[PDB]
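Novice: Each chain, written out:
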Amino acid sequence: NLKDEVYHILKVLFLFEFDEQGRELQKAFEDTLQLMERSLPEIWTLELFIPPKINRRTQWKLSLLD
Amino acid sequence: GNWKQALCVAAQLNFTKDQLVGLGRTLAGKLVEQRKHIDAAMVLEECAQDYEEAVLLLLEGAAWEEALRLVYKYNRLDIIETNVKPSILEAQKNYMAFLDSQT
Amino acid sequence: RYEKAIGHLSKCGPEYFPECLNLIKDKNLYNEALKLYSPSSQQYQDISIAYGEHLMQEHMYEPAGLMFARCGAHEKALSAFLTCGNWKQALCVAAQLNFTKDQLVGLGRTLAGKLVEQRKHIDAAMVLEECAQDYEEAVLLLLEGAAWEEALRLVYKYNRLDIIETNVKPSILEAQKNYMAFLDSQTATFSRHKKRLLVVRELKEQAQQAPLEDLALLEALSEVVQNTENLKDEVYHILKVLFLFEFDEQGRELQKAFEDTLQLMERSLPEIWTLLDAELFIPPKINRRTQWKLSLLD
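These protein sequence lines are chains A, B and C, in that order.
Residues 1231 to 1276, 1313 to 1332 in the authors' numbering are what the first sequence lists, from first letter to last.
Residues 1026 to 1128 in the authors' numbering are what the second sequence lists, from first letter to last.
Residues 942 to 1151, 1212 to 1276, 1310 to 1332 in the authors' numbering are what the third sequence lists, from first letter to last.
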């Protein structure tokens, strides 16, 4: 759920020459999402044990920086 | 806390002037207490035309673009570097804090 | 070694800048060029302009407008914001460009037109009210966009009661009838897809004791259930606005039909989804927390 505000904050950050913080936030969110998705099979070994829903559709990344 | 229906029925009661402005500010306070920053800023803008409190609450409401739009509409560029950008930085540092806490 | 090439050519005379920019455009080296020169220099601004033009060449409009906002090409940024439908940053650029109101009232109405093209009636109504102050058109679009209480408040604010009995109530009845049609269609589609899924599954069973349409049927049934679940908020709003206008029959009929659909699919959830693309045989999600029924009527 952090994705929408991450996307908006990245937009407003790079809109105001704050890309130094924007890159840090983008990399940190990348790390969190990647580690959680990697650990997704390991936590819920095949709603308690049911894997949750990750909406990859919702864009969050600021593609201008990359 | 349903501002819209209250305003509808108040209009049907034909209320005129500043007393309704104060009531609208009270309603905006109630909605922002209900974690509705956008709604509070709206009710302030349409009811009191108080654009400074509106942009302040919108800055607090993590919605920045309409805050900048209202700033440029009423020519308040001083808010940009005193409130807008500093609050963006504060929210973004809160976001690194929350990301680290989540990890 | 194109990157090292442009790095070496950077520390040259002023005459070699066109060649450096041509090479940068050839290999799309805008970012490295920006890193090479300080933003306070004119070369950085030219590189930003070229990068924004390339972004428009990628149909990536609003980031191009962002780039032109960084450099200062406010006209092209406004054009990109208009193209991508971003009324918001377009208005920001127009205000910072000190545009005269009459020159921008028509532009705001056109922006509302693009917004209603993008299926955003609330945004269009807000833009019309802010720029054109056309309260009647805002009411019409809010009625179209299912903003019934918003339209009612804006009607009474400008004292336009004629729109109430001529547009508000008839459009509420029309929306209720459309929900009748869509609920019956949802029930029919759910039943048809369930029966086709059962037929395919029984055919597969008879084959197994003695092609992949079942997966598609499961997906379609999941989408039908998801659509009916998403209907909840709109049904709630329409039910409230129907109740407020002394309209019992339509509201209670809608409540009963929605209850029938929801109960049918809730009972049928285990049957269709008997416990590649695991979501096919995973039952969909229902949001029972959402409130749609009128405790007023019952």
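You may find that some hints are simply not true.
No farther apart than 20 Å at their CA atoms in a straight line, the calculated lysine-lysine pairs in the PhoX-like style are these [as the list claims (entries may be wrong)]:
hint, chain 1, residue 1, chain 2, residue 2
1, C, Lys1042, B, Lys1110
2, C, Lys1110, C, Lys1241
3, C, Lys1319, B, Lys1029
4, C, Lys1098, B, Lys1042
5, C, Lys1098, C, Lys1110
6, B, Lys1042, A, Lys1257
7, B, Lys1061, B, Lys1042
8, C, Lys1042, B, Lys1098
9, C, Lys1029, A, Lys1241
10, A, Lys1241, B, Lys1029
11, C, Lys1241, B, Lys1029
12, A, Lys1241, B, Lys1118
13, C, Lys1118, C, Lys1042
14, A, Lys1327, B, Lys1029
15, C, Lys1098, A, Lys1241
16, C, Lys1110, A, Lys1319
17, C, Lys1110, B, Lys1098
18, B, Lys1029, A, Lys1233
19, C, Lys1042, B, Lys1029
20, A, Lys1257, A, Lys1233
Calculated directly from the structure, the hints in this document are not laboratory data.
Novice: Could you run down the list of hints and mark each one as holding or not?
Specialist: We went through each hint and held it up to the structure:
1. C/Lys1042 - B/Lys1110: With a Cα-Cα distance of about 28 Å, the restraint between C/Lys1042 and B/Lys1110 is violated, given a limit of 20 Å.
2. C/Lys1110 - C/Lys1241: holds (13 Å)
3. C/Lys1319 - B/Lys1029: violated (31 Å)
4. C/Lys1098 - B/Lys1042: holds (13 Å)
5. C/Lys1098 - C/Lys1110: With a Cα-Cα distance of about 18 Å, the restraint between C/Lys1098 and C/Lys1110 holds, given a limit of 20 Å.
6. B/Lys1042 - A/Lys1257: violated (52 Å)
7. B/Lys1061 - B/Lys1042: violated (25 Å)
8. C/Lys1042 - B/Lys1098: holds (11 Å)
9. C/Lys1029 - A/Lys1241: holds (13 Å)
10. A/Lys1241 - B/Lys1029: With Cα atoms ~32 Å apart, A/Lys1241 and B/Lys1029 exceed 20 Å; violated.
11. C/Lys1241 - B/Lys1029: holds (13 Å)
12. A/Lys1241 - B/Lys1118: holds (15 Å)
13. C/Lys1118 - C/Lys1042: violated (41 Å)
14. A/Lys1327 - B/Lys1029: violated (36 Å)
15. C/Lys1098 - A/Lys1241: With a Cα-Cα distance of about 36 Å, the restraint between C/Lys1098 and A/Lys1241 is violated, given a limit of 20 Å.
16. C/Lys1110 - A/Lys1319: Roughly 41 Å separates the two Cα atoms, so the pair is violated.
17. C/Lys1110 - B/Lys1098: Violated - the C-alpha atoms of B/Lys1098 and C/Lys1110 are around 36 Å apart, more than 20 Å.
18. B/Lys1029 - A/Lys1233: violated (30 Å)
19. C/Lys1042 - B/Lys1029: The hint is violated at about 29 Å.
20. A/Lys1257 - A/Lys1233: holds (13 Å)
In this structure, the earlier hints numbered 1, 3, 6, 7, 10, 13, 14, 15, 16, 17, 18 and 19 are contradicted, and the remaining ones agree with it.
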